[PDB]
Amino acid sequence: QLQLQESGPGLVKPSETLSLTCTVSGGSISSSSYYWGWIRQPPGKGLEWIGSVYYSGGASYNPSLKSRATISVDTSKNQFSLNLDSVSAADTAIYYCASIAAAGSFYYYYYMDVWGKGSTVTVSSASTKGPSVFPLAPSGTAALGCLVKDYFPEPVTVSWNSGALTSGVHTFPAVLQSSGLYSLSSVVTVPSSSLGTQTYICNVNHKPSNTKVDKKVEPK
Amino acid sequence: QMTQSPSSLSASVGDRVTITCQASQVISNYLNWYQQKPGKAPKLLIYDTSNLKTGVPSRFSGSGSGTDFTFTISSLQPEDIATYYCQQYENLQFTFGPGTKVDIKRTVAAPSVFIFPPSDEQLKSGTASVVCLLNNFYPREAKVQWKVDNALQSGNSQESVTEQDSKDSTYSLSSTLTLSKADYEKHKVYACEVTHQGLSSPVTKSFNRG
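So the protein sequences, as listed, match chains H and L. Read in order, the letters of the first sequence correspond to residues 1 to 139, 146 to 226 in the entry's author numbering. Read in order, the letters of the second sequence correspond to residues 3 to 212 in the entry's author numbering.
One chain only, chain H, in its complex shape:
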């Protein structure tokens, strides 16, 4: 079915322009039955509409952002994009792709049919500090995990055994350390029967720093 895919930086400096892109698949954007657009969610806040673009070249915007934002569309690429000028700390948010379905026939009847995944974007003067990842080893039922430490900003993904390991897995939300950097950890509950028999590898990613690591956790 129709799907949206997020793309863009997780970090922009104050006063710069934030530029994000959606890729559309499972259908074409070249249709009068759809409008395409952007929504954001500052951490701890609700959703805010940014704007929308029509494949023929028209557009509409949230007045609070209209003076700063531009949304474009390209029907040969089957993509759409958002450019937000003069960014500040206020703009730290999770940005989402969305499609808008034109309901009925010839009326202003709309709903947001397909949503993106969310792209976390931080506005800051600081560098793209990547994480270091360390194993947490155990020594009935056992548990094991990975410690993800010292990074900024915080768009990170953690998975186990490349997605093979699901049940028993939990991750924790980012922790802000007094250092100004983030800490995060991930654990999995395993039987003592599999411990030391079955291997457990965490796969950790941080987009802005281009860091991709893999760590195997073994018992003592």
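By construction, these hints were calculated from the structure, which means they are not laboratory data. Any given hint could be a false lead.
With a cut-off of at most 20 angstroms between alpha-carbon atoms, the simulated SDA-like pairs for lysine to any residue come out as follows [unchecked claim]:
1. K126(L) - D220(H)
2. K45(L) - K218(H)
3. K218(H) - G10(H)
4. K42(L) - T163(H)
Please arrange chain L on chain H, whose structure you already have, making use of the hints.
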């Protein structure tokens, strides 16, 4: 200028729950509802005040008119832990309400407790992080006390709690004790003491360097 009420609520599995929404103006166009799973993008469930998206479970329903609209889950499932949002299209703009958080109350459950040493790879950095894990318990509230050679710690530990589990409706808790390598090495016995409602007595996990 939309608003929702309550800002949040808790209910048990199988309970019928209702949240409300007030439009910024009398609705002349569509009004819809979205579900935001913990950490995920919002997803449409209801459109034109009451129509379901294909694939949406029959337990979801919307209603109302004018400025006053509602959202109901006929029998709440643990998979329904989410924030629900009211949305309208008016004056050529899209507007969302604050959102209402819905989650699960359930009976007490005792935590499973584990303690982990820092890796050699971390000790090579000059720092040491000792980690205590509480897994699958209810209520969220828990007390963790770090001890090193029976010295109670403070001023050097962080804590973090998971989202409510989508199936079990339980929580897990991590606590990380941060020592310099020198502080880790000057001591022998490491321990994590846990106090929780589901326990008949506080419990302790521990390790020794060697």
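Verification of the supplied hints:
1. Restraint check for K126(L) and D220(H): the C-alpha separation of about 18 angstroms stays at or below 20 angstroms, so the hint holds.
2. Distance check on the hinted pair: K45(L) and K218(H) sit about 30 angstroms apart at the alpha-carbon level, beyond 20 angstroms; violated.
3. For the given pair, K218(H) sits about 15 angstroms from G10(H) by alpha-carbon distance, which is consistent with the 20 angstroms threshold.
4. Between the alpha carbons of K42(L) and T163(H) the distance comes to roughly 13 angstroms, so the proposed pair stays at or under 20 angstroms and holds.
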